[PDB]
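J.: With the hints as your guide, set chains 1, T, Z, 2, P, R, Q and S onto chain U.
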Amino acid sequence: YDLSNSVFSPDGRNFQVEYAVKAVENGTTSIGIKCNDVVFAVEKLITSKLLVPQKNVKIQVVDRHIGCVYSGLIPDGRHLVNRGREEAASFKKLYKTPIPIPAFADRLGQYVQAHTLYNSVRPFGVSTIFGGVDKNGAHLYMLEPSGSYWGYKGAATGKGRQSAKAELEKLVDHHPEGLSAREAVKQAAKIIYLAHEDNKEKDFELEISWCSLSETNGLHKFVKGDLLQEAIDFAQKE
Amino acid sequence: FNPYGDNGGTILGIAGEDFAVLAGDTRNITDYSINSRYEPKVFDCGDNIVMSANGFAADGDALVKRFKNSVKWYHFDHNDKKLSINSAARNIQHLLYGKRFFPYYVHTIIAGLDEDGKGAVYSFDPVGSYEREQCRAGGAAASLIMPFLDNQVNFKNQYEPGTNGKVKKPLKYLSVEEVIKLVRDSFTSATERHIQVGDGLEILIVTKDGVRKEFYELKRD
Amino acid sequence: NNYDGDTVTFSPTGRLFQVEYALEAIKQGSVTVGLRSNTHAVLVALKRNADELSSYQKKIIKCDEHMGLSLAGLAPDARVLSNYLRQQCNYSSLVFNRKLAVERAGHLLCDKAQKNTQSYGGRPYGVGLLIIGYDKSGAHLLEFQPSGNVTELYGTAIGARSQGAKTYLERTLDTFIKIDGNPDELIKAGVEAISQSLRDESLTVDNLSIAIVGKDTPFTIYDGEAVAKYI
Amino acid sequence: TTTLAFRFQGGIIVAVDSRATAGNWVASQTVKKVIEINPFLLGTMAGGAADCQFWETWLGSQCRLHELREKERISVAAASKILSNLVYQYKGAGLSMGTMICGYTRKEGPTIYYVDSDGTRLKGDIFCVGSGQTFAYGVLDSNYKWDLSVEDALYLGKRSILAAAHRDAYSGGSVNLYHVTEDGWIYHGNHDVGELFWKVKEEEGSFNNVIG
Amino acid sequence: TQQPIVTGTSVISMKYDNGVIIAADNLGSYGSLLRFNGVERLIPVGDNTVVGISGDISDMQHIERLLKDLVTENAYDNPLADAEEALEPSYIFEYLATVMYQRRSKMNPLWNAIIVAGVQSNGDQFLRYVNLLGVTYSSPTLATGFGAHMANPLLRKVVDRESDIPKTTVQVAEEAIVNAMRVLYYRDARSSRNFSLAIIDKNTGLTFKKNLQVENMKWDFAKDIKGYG
Amino acid sequence: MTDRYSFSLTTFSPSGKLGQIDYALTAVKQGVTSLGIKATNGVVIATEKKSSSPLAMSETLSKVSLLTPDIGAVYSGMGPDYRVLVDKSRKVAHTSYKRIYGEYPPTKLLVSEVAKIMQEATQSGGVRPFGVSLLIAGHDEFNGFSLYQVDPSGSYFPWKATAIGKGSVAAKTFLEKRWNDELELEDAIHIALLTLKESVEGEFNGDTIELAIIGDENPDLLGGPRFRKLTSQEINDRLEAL
Amino acid sequence: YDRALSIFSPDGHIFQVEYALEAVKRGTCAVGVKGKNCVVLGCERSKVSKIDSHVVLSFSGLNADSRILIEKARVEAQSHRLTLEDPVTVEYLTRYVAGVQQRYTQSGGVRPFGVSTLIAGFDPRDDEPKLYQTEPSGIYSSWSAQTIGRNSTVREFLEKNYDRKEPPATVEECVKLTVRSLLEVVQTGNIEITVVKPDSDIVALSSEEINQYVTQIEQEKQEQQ
Amino acid sequence: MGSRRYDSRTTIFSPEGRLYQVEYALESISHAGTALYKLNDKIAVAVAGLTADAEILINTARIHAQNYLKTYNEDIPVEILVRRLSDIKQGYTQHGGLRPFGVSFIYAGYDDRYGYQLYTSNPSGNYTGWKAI
Amino acid sequence: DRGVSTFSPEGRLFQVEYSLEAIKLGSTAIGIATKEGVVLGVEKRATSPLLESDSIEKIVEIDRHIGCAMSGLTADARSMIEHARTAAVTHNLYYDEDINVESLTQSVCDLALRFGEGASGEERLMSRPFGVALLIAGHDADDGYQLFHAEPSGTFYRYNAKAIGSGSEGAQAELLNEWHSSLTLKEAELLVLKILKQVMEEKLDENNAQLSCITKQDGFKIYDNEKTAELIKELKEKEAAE
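Quick note, the sequences are listed as chains U, 1, T, Z, 2, P, R, Q and S, same order. Going left to right, the first sequence walks through residues 8 to 44, 46 to 246 as the entry's author numbering numbers them. Going left to right, the second sequence walks through residues 2 to 222 as the entry's author numbering numbers them. Going left to right, the third sequence walks through residues 4 to 234 as the entry's author numbering numbers them. Going left to right, the fourth sequence walks through residues 1 to 212 as the entry's author numbering numbers them. Going left to right, the fifth sequence walks through residues 1 to 229 as the entry's author numbering numbers them. Going left to right, the sixth sequence walks through residues 1 to 223, 232 to 250 as the entry's author numbering numbers them. Going left to right, the seventh sequence walks through residues 4 to 48, 62 to 168, 170 to 206, 209 to 244 as the entry's author numbering numbers them. Going left to right, the eighth sequence walks through residues 1 to 35, 66 to 163 as the entry's author numbering numbers them. Going left to right, the ninth sequence walks through residues 9 to 250 as the entry's author numbering numbers them.
Note that these hints are calculated values from the structure, not bench results. Hints may be right or wrong, so weigh each one.
Unchecked claim - Below are the SDA-like pairs computed for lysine to any residue, each with C-alpha atoms no more than 20 Å apart in a straight line: (1) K83 (chain 1) to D151 (chain S); (2) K177 (chain P) to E198 (chain P); (3) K66 (chain 1) to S150 (chain T); (4) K63 (chain U) to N74 (chain 2); (5) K82 (chain 1) to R89 (chain T).
To be verified - Ranges between beta-carbon positions, derived for each pair: (6) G211 (chain 1) to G184 (chain Z): 39 to 49 Å; (7) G212 (chain Z) to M107 (chain 2): 25 to 35 Å; (8) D114 (chain T) to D82 (chain 2): 22 to 32 Å; (9) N100 (chain T) to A22 (chain Z): 35 to 45 Å.
Positions of the beta carbon are idealized from the N, C-alpha and C atoms, including for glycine.
The shape of chain U in the complex, shown without the other chains:
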């Protein structure tokens, strides 16, 4: 019952989707934190010093207000981001307004779920954390290979997802009134540094982006420069 994509097990399970989740588990750590306004952080494994620093960007931008990160098979995430860009462009052409985050999440979920209905294809081997800011405020969403997606206050996926989830829960409990933008960036850097301990014997690079009202004018921008260095120093101090 684990040889085809669209075959139910005797207990009602789809083993190909579970194997895709197992493939996602091998990916690097990617986290997303929502503030009152959102912040996406990813760890890039430096397999060798031959790699050029800051040349393998993993966080992707959809329209001018959506930020996406993924853990798993990077080409699958890139394909999903291309499909999301196509859908966003179609929505913007048809209705002249930027696509709302729930609508984009629904489109991605429908696409991923349709990729699990036939045995001529295989489910995506990525888990995606994507978010942004629209007329209704700041939104964060997490989508799985099964096609199910949910909104989160904080989300994490990859090898070190458990430590990141624990840190996110502690931060949510300690901040019932929310977080700011710079504080969210610092917390994301700290959580990435703490979750990197699942590897230890491997250098890594931190990549951070944010999208909130004020300091970004409701658009998605990459955190680069003095702010990123301050976040890295704060993460190293903790």
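T.: Frame of chain U, contents of chains 1, T, Z, 2, P, R, Q and S only:
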């Protein structure tokens, strides 16, 4: 909706013994209005081949870019083999005939050196008929240039004095300077007698060394 | 294995064995080394022949006057990918009159490679690529795997016994990056790097190919007697 | 444009002029109106120059493919019918073409077919297609016989072309002659119409009405 | 497509020693009826490109949406989308010309005359023209439609050839543009008193001036004209 | 996402049997006993109704459908297949006969069309045979009153008195025990009610069975149709006199 | 339907083509004998079809596949006559049939033809007899006596009793040889002979003449020996 | 794993050169009854096995016969119709991937060229004329 | 396995390797190129003496300056030869010149590599690789005389001397030991005949071995039986003498 237009240019191609010359006016106009005083129409397409399409500006530009792309792909697919002038002429014929039912509204002249090293000029019609010639003028001033070239290049209707028209004047070798002088005089006359002709003359000379460019001023500067 | 008859089947541990076999097909190919500096990028390829009466197969394909690649693995797949890259570069040069960036070509190749690893009825490519180019952002070198993973490095090597060249590049990383005024010095560095991967073999004018791109340097290939002074 | 072609004991004689005009202005006087389909086949250009050149080169390619596949030279009838079938597809699209496919084969001897853009294809002995076809056809009809030598046939073709050029304002810048035998075509040079007129008037006492 | 309904007016442009200046009015005429006012016909693309559109305004909106989509697309997976891999006037003009020619070849044209102006990344001023039928050309001074007949003769009195471009300051070019706009308002029945003007300079950048008005007009002598004999 | 199921899923066994058709017949056999009796002035079609849940409204689902104002049908087997096939038959009765000739198709031609539809499922690619057996009751001017049975194999047979389902054998034996040449519509209804009561295990009332009749004419229902589906109250009244 | 039914095996063989050959080697034997003039085709238990006025075709294997091939060949011959104004030669028709058979062995969703073909005739304006055989794999060749069919032998007999640098210059000798070769593996007398001569002279011998030939062969066998 | 449910690749040869599906259909017909439709005014057909496919083939034959009558203004010869039906049945035995028909046909027809004739056809597509059953 | 384009665990395609194995069972074909021509020789096998040896065509002309020889499944090479002839004629039609030998070889290899995955974004036409290997000999003004070995894998090589078929190993060893860059046309023909005689189990005659040449002056020609017989006689005399 009329999908065609006229921009009123004049070009001329002359093949020498070991050189070729392709000249053109630089005035772009439409309906008694001057769009531009310097809009070149003669381009170096590579492999010592110089091409010029006259008439509809958009169709000419499209044909020139398509021919350049064809040369690039020919170099890619045949180990950078040089494209001969006859092969280029046949390829341009196929390109023109590919849209015979929606033809380019242009007259095309290409120039270069043949496989033996002599000057070669090929003339094309809008729907894709081509012939190799020694002197060919195209545009609105072609009727004002070709008789002059026939009289001053082929020495037609000229006979040796003292023979009472029994011995024709023999053909003589013409250097590139003489061809340049004849082209300049013909274009000056065309500028004098044609309203659409004359803002500047651009000449491309093709030899074994390569392609070189010269420019001269005309009236209505 | 019961999860190996097609590319649309995941292993219980989450692996695609067809992609792994395609990767292993690269390991049975000749070694090719790529490196770059601020001004120039160089590819060095060791060629092979069927026997003493046959010629050496070409390993470097030109994509555009500012971009080229070298292959390791299945030659026809490399030809297909090179034709696709030529078409993309020509489209960019025609529609927008802009020279295509190397990163854009990397993204295009990544997408095309991914599209062949998810649909039933097709197979993944069986060749690895080292792509060099020069654009407004400088010189770029990229490594391409059939899985769709594209990486940017100062230097890399693919094929068989590639660990020696990669180790040499890692050791001498701080040296060949600063080689900007002398393209021939960068070519010498690449040749010395690929020499570490030779298994009881000697570089000859028959099995050595050297491609180079640079700032004021169209993509130029040296083969045969052209590589006499680099041996 | 006269473009005559006739059959005789020595094979086929094809004679054409070289004048191309547009709007009463002479565009060119060095136009090659004979298309060499292959070393054994010739065609005549009338109507649209581009259509004639393109489709006769295509016919040559088709004949080359046929001879490669069958290891035998293609007959004149087969090539003429291939061209006619190709043209009949495009009828009503505006193609203009009148061609004489002339060839000497071992099986069929010398053969001339006329094919137009309307789809007509007919085999004949003497053909003249052009603006000044009437004068040349009259000359040929007045001086034809299946007994002429090669030189006499060539002179007859030149005389017919000269008459057509003299009596038609759209014909005559030069005369091009071709002789088709079982071993292919032979080109007999290009003769200026102006000099040919004076030469014929001096040799034969014709054209008395013209002062010289 | 087949005939314009709501049409724009002349767009004028010229080059000065450090950049380009392009101006156009804000009328949305409906034939002989001045139906719409306050219509912006100068579209800024990036920090270095200005596109001026004359003719059918529905097609103007279509191609400005196309320009917005192109700007959005250029930023995808482009870390240098604002430093060195940003759009240039040449790329935008090539894309627009390709689109116009493809529309012409299908007998479904965009009834527009478009002037692309800007400063290239190397400091060279770009100013080129396109329209339906895909006809393209360049000149130190450009004008579309009615302004092609009246604005060009005046502007060519200041910048007549290429060598005159380095000798023209921004003030002189702007004064010439304003005078040309005043003349066009004098003699064009589809013109409006209000217009917008954009200046692209290699040093300063993009300066946009909206809600400009034609002033210093002459009408006093009209008191002396009476009858027709 | 491509179909890539062009090959047929039903093939011949070495013994000459079609496995999928036999399995569909097996699925049909474990259904509900539905019977049909043809009389001299009409034809009666009766069936039993089950309750999926006590809270379910049984009248929302009807096991007998009107194909044409003169032709009705009942099924034994998989309900959704019967519903889809009824919709298809309703569409075919218009798009193939009535829109061309201006009249409703005769019962035999409609049965032929339904049999063709069911046969197309046993030979085309990427499909399975319908798991239903249909009883068609109709009247036409030239052929009179007719009753047909269509199997999952697409083979249809005319019957004078037939029954299908779990108690098909016993019901057929009861019907063949006494079938006279002077059967009336009410006599056929009484015989059908008796057979259904004998076959059923209990709870034999008007809300647990569904019956329909073809015959005579109903101008009151024109707004006449020959198809009348009896209401629960009329069934109860007829059972009171049983 | 596009599944590759015919694919290579690990030993470099295509099993579908070999099974088609096995299917061919199950039907009645067909013999083709060529002399100095005329060609004689013999068939066991109409098995000879006229593709055109000058060419005939015999088959061994599946009857309906042979019918499809015959229809294709007839259409091709008519198209050739219409296009080139010349009757098709034997070699061209044989090449067309072999090409069709080969093409059916390299397309998805189809199986190879289980038919072996013998084509006999004369080229236009020519007198030299032509005899060809085509295999299900798409390979065609020219022969003088092939016996494509399998009837448990005939090839050895025809190899023995042929040529000696002297073809059967008379039609009667060729017919007698064909009948004897057929009778070598046939005990009853289930024998049909068709003779082809130039100028479209295609005839079929009646059963009475075949019976006379069989009786003469039996008398010759029992008299001299 | 697009679709590996192909039912033994119906249209392939056995190692001995036989067609399994055709033989199984012949077995099914032999297990059926022992042998009533009108194709046109002069041809009748009797069926054996799988009456639904028989009806489909009979409708196709009727359409073909009426097309021939419209084209030539003459009644179709029996042999032409039998050959067309046999070719239709053989088409499913070589390509398409579908199961072959399971019907045996017995045609009796009269034409103006042969004067009463009888034929039989099977799922293999081979048709044979018989003096008597 | 169970897939036309399935990679093996070692990184190869099963179908391509099986096609190579099929080619290994074909007849012997040899080609030798010198500075004054290229000679192609083939071995003709007849399963019966009654076959006409002149009807076996394993040497085929692509164009006047390009010839081809085949080894393996001879029926599969007809489409390849048709494509090569069409490509050469099309190149002449589009450029008024003869196509390069390497360009034609690349076109043939693209055709062979096609139909499993498009070399220029096209679809498929055949369901299995070709089963025949080709030797393409030609002359062009760019490089001179060229000989190419083309395999169904889609890759091609340029050889100074190449032998393919059943006896390819020993023939290739002899070519390695014998070939040098200063041979003549007569020496090449004699060497081809000698190696064909060595490889063939049967005695070398003019009815079982065929020769052909391609030279710049005379194009591509196929030797008749008399010329081959005289060459065999010369080879025998030279062998018996020196």
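J.: Output the numbers, in ascending order, of every earlier hint that fails for this structure.
T.: Of the numbered hints, 3 and 7 do not hold.
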